[PDB]
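Participant: Please put together the full structure from these sequences, using the hints given.
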Amino acid sequence: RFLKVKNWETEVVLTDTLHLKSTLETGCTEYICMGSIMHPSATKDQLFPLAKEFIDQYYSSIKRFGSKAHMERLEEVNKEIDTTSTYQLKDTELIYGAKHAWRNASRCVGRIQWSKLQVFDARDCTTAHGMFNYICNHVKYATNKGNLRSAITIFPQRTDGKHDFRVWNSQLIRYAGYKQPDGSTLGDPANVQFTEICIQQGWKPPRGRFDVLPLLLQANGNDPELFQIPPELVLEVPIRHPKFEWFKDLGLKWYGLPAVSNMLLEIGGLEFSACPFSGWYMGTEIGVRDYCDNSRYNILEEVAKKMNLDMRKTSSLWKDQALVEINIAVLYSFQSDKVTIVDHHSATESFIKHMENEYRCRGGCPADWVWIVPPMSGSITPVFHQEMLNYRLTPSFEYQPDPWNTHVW
Amino acid sequence: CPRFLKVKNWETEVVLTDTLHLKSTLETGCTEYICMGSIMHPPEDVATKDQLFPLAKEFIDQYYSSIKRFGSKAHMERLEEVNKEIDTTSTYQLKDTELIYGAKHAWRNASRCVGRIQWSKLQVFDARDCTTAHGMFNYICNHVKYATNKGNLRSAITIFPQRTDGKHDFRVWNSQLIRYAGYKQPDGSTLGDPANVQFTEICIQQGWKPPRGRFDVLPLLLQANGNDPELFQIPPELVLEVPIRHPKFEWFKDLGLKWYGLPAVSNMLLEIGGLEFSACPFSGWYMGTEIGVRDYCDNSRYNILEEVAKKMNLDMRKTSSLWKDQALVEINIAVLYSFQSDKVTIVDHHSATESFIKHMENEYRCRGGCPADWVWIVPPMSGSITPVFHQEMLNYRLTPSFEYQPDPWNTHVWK
Ligand code: HEM
Ligand code: HEM
Ligand SMILES: CNCCCc1cccc(CCc2cc(C)cc(N)n2)c1
Ligand SMILES: CNCCCc1cccc(CCc2cc(C)cc(N)n2)c1
Ligand SMILES: C[C@H](O)[C@H](O)[C@H]1CNc2nc(N)[nH]c(=O)c2N1
Ligand SMILES: C[C@H](O)[C@H](O)[C@H]1CNc2nc(N)[nH]c(=O)c2N1
Ligand SMILES: [Zn+2]
Numbered sequence: 304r305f306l307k308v309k310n311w312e313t314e315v316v317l318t319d320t321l322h323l324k325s326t327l328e329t330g331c332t333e334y335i336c337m338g339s340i341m342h343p344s354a355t356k357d358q359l360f361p362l363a364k365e366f367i368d369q370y371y372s373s374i375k376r377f378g379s380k381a382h383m384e385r386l387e388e389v390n391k392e393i394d395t396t397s398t399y400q401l402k403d404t405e406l407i408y409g410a411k412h413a414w415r416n417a418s419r420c421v422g423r424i425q426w427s428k429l430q431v432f433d434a435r436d437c438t439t440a441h442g443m444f445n446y447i448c449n450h451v452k453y454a455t456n457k458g459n460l461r462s463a464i465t466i467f468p469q470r471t472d473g474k475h476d477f478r479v480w481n482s483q484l485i486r487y488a489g490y491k492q493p494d495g496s497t498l499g500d501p502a503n504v505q506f507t508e509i510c511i512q513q514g515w516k517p518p519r520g521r522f523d524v525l526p527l528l529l530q531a532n533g534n535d536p537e538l539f540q541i542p543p544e545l546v547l548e549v550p551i552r553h554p555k556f557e558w559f560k561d562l563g564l565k566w567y568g569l570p571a572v573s574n575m576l577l578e579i580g581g582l583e584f585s586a587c588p589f590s591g592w593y594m595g596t597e598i599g600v601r602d603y604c605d606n607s608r609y610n611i612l613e614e615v616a617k618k619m620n621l622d623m624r625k626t627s628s629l630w631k632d633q634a635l636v637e638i639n640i641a642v643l644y645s646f647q648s649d650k651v652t653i654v655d656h657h658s659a660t661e662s663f664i665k666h667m668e669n670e671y672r673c674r675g676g677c678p679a680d681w682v683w684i685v686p687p688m689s690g691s692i693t694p695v696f697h698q699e700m701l702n703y704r705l706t707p708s709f710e711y712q713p714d715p716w717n718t719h720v721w
Numbered sequence: 302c303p304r305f306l307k308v309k310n311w312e313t314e315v316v317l318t319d320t321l322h323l324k325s326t327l328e329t330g331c332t333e334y335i336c337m338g339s340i341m342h343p350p351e352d353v354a355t356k357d358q359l360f361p362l363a364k365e366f367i368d369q370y371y372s373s374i375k376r377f378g379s380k381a382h383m384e385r386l387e388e389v390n391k392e393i394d395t396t397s398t399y400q401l402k403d404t405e406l407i408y409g410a411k412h413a414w415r416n417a418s419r420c421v422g423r424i425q426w427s428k429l430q431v432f433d434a435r436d437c438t439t440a441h442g443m444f445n446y447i448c449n450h451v452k453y454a455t456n457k458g459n460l461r462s463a464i465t466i467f468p469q470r471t472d473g474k475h476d477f478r479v480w481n482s483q484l485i486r487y488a489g490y491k492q493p494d495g496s497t498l499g500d501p502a503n504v505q506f507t508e509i510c511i512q513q514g515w516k517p518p519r520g521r522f523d524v525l526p527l528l529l530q531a532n533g534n535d536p537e538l539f540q541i542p543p544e545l546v547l548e549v550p551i552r553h554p555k556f557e558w559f560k561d562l563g564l565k566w567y568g569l570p571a572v573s574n575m576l577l578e579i580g581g582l583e584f585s586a587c588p589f590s591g592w593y594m595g596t597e598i599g600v601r602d603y604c605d606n607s608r609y610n611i612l613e614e615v616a617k618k619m620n621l622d623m624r625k626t627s628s629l630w631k632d633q634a635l636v637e638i639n640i641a642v643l644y645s646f647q648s649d650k651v652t653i654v655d656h657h658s659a660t661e662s663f664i665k666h667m668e669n670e671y672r673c674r675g676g677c678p679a680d681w682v683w684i685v686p687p688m689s690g691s692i693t694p695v696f697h698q699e700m701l702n703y704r705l706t707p708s709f710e711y712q713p714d715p716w717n718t719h720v721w722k
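From first to last, the protein sequence lines stand for chains B and A. Residues 304 to 344, 354 to 721 in the deposited numbering are what the first sequence lists, from first letter to last. Residues 302 to 343, 350 to 722 in the deposited numbering are what the second sequence lists, from first letter to last.
Rather than coming from a laboratory, the hints here were simulated on the basis of the structure.
Only pairs whose alpha carbons sit at most 30 Å apart, straight line, appear in this in silico DSS-like list of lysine-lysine: (1) A:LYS617 x A:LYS565; (2) A:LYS631 x B:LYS309; (3) B:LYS555 x A:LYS617.
Counterexamples of contact, computed for chain B against chain A with all Cβ distances above 12 Å: (4) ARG376; (5) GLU387; (6) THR396; (7) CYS420; (8) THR439; (9) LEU498; (10) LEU562; (11) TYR671.
Ideal placement from N, C-alpha and C gives every residue a C-beta, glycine not left out.
Facilitator: Here it is, written out as structure tokens:
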């Protein structure tokens, strides 16, 4: 079927044909929808049709479907799968696969940029020291003195499952979290477990509120190893407020480079368990979730107090006032330090434009409303009013288990 | 489908187990290859004899299970009396007790409603003896006055006769009992509520004389027994309204905003045991954001962010200053303050969502689940600083239920 999606603000109706091409499951059925579940539920024989499908859409994308080059590649991949229990992507294929996995990421609001992605091939890597060198170069390239540039670094694909390359950090750059005797938590509570694994591995914690975690790198199934990122490569921003001169005294900072390192890139049936990728921040990521989640840095009440707000009744919306002021500060700080950042109004605007683009040239755009709508001021951004269809296209980024649950030393 | 499904809360790590989904009765719109969770709405004939039997049995069984009389003499006797009735008259009539049970459970089952902690406290008015539009008018006035209660609002539903052959439907043509008119001007601007322009034009055609103001209460347009609909003015003393003022900004009063106290949906269809109640207006009380964020600040609605931002002396040329966000909070502070001051029941989105989490947890324990539509349950401002944002939810359709239905002017055969 052709499916329609309506924007209820503009009455614009788009027509989705692209969904007919998906094979992977969403988790929903005709009787139960799991649209708000965060994580719902290879061999020679499995591997070839997947390989064939990806190769097919690649040569289709470059308008050479059924070409001699196409036929040979199909033949080449078959004999290699047969003889080696796997196969290797051409460079052009790797780049195409990585850009399209971003393009297909239904939960990403930043996808208007999908084709501007710098791809670093690290499939010749064999050691954690190698991984560290590769990741350092990535961080340096992507940070670019504040003029952030999208990048992905791709390490060797999974083979027998026992020689996995893994970045054990969930992001390349995050702040430590410490469990106080107090019972309270210093730093970022989200990272308390990982911080303790690093300490247990020999890392000497400064026990501060914003200590950059070391890299914990696993290469070829071996034990992971600790590395400190050279600090001149770690760009950070002191958060200050344009009208509240007391905001600086709060002592808040964040890092400029968002770099997810715990996901799995899947291309043509090949699995890349280590593929750190980075872009730039949407302000709410920091100002709403990182800072104001009860299970994170949880600063709302501190801020509302310096704002001298009545905090006795919820209906004074003191939390909503403090939240807006915090997010103003973050945007103002990054902008003032010339560090790339986008606000949720601009970002969601761009995404509606991107959707339109994708429907026009590709016949659809998979999108996850639950994730796309910003965590504050939802209905005054255009994506709130935009119906979206969610479905799974490959190449893709997938979740994988945390390494400390499968690996033994 | 698996017998046990798990939902997690990511803020509190609390995990809940759902078994109620097994009783799901029809389509969500989703398939295993595509999710339609953000789609708003995913023949003039009626249920046949053979279609009606198992639907009725299913409901009656469920009713007698709820009163701990499953398999009793009374249960089996009711089943037989219903069956005889469907067989000889092609339909059947609900007992008052079943009617009340069914309405309460349609609310309880309403996956998009955050106020369901209140579901068992619902005044049901049986208007199945109604025959004319004047009678519908009488019943609706009585509803409004009861539910309003001088500002101490009480949830209520009034239920008109069920559908028979489909050519004799009772319908309230209004989408809500109380709403403000909208008027398209020759120059393209809109006066009043742009959402209601179509319906307003219908009323005007039907004989209504429009004051052509910013907040004119619309008349009722009421259809009884499949006849042409008729106009009635709701007595203005029965329409409680709240002028919007702000605790700090004294200029806010000058914006001349007000809203009505009673939210009352009148265009949905109530389905009980396969019976179809096409006119079933129900009402509760407002969550502040419904008015402060959607009614006032949607671009296609009253759209007042700009005017408010101006009076707040905010820098409005860069989006990153968050001038829209700042004014939105203030508008919603005013709405809550104005309702509380006039002692009209209202709930803020923090209190409401926390109550719904408690409600949901209780439902999981006593009922084995609680269907919920995250896209609708999460508030339209400040989403992640409410507890429902972090709550995984399962969405599925149980019956009895409230359902959407075509707009009556689209289907009506004019006499
Ligand atoms: C360039 C600027 C970018 C912006 C502004 C952006 C924005 C976002 C945001 C706000 C989210 C929600 C994540 C959360 O709430 O935790 C997200 C998710 C995601 N992004 Fe993007 N992103 C950008 C670049 C990228 C790049 C370069 C990639 C990969 C090459 C990418 C892949 C993804 C994926 C796979 C998700 C889903 C996360 C999950 O399922 O956990 N994004 N993005
Ligand atoms: C008593 C206090 C109540 C509160 C605070 C409340 C709150 C809400 C809210 C905020 C919505 C979303 C509305 C929107 O965004 O348009 C909603 C939807 C809904 N409510 Fe409740 N409600 C209440 C009472 C009731 C009652 C008494 C019923 C039925 C007997 C009911 C049935 C529904 C239904 C069926 C929807 C679905 C909306 C749709 O799909 O169009 N509610 N409610
Ligand atoms: C269990 N989830 C693990 C991954 C969590 C995650 C995945 C992808 C993105 C994010 C948010 C961080 C981010 C990443 C990127 C590339 C850009 C951005 N603005 N923000 C978190
Ligand atoms: C397509 N229109 C169908 C009805 C739209 C609608 C249904 C249910 C609720 C609402 C919002 C009004 C409302 C009703 C009730 C009972 C309570 C409340 N807080 N708010 C709109
Ligand atoms: C329960 C729900 O799935 C979960 O809280 C989601 C909701 N939407 C989100 N949206 C974004 N962008 N990021 C998130 O982490 C989440 N969390
Ligand atoms: C496209 C999207 O489903 C639509 O804008 C929804 C989003 N969530 C909503 N949530 C509520 N409570 N009410 C609404 O009208 C909507 N609109
Ligand atoms: Zn779904």
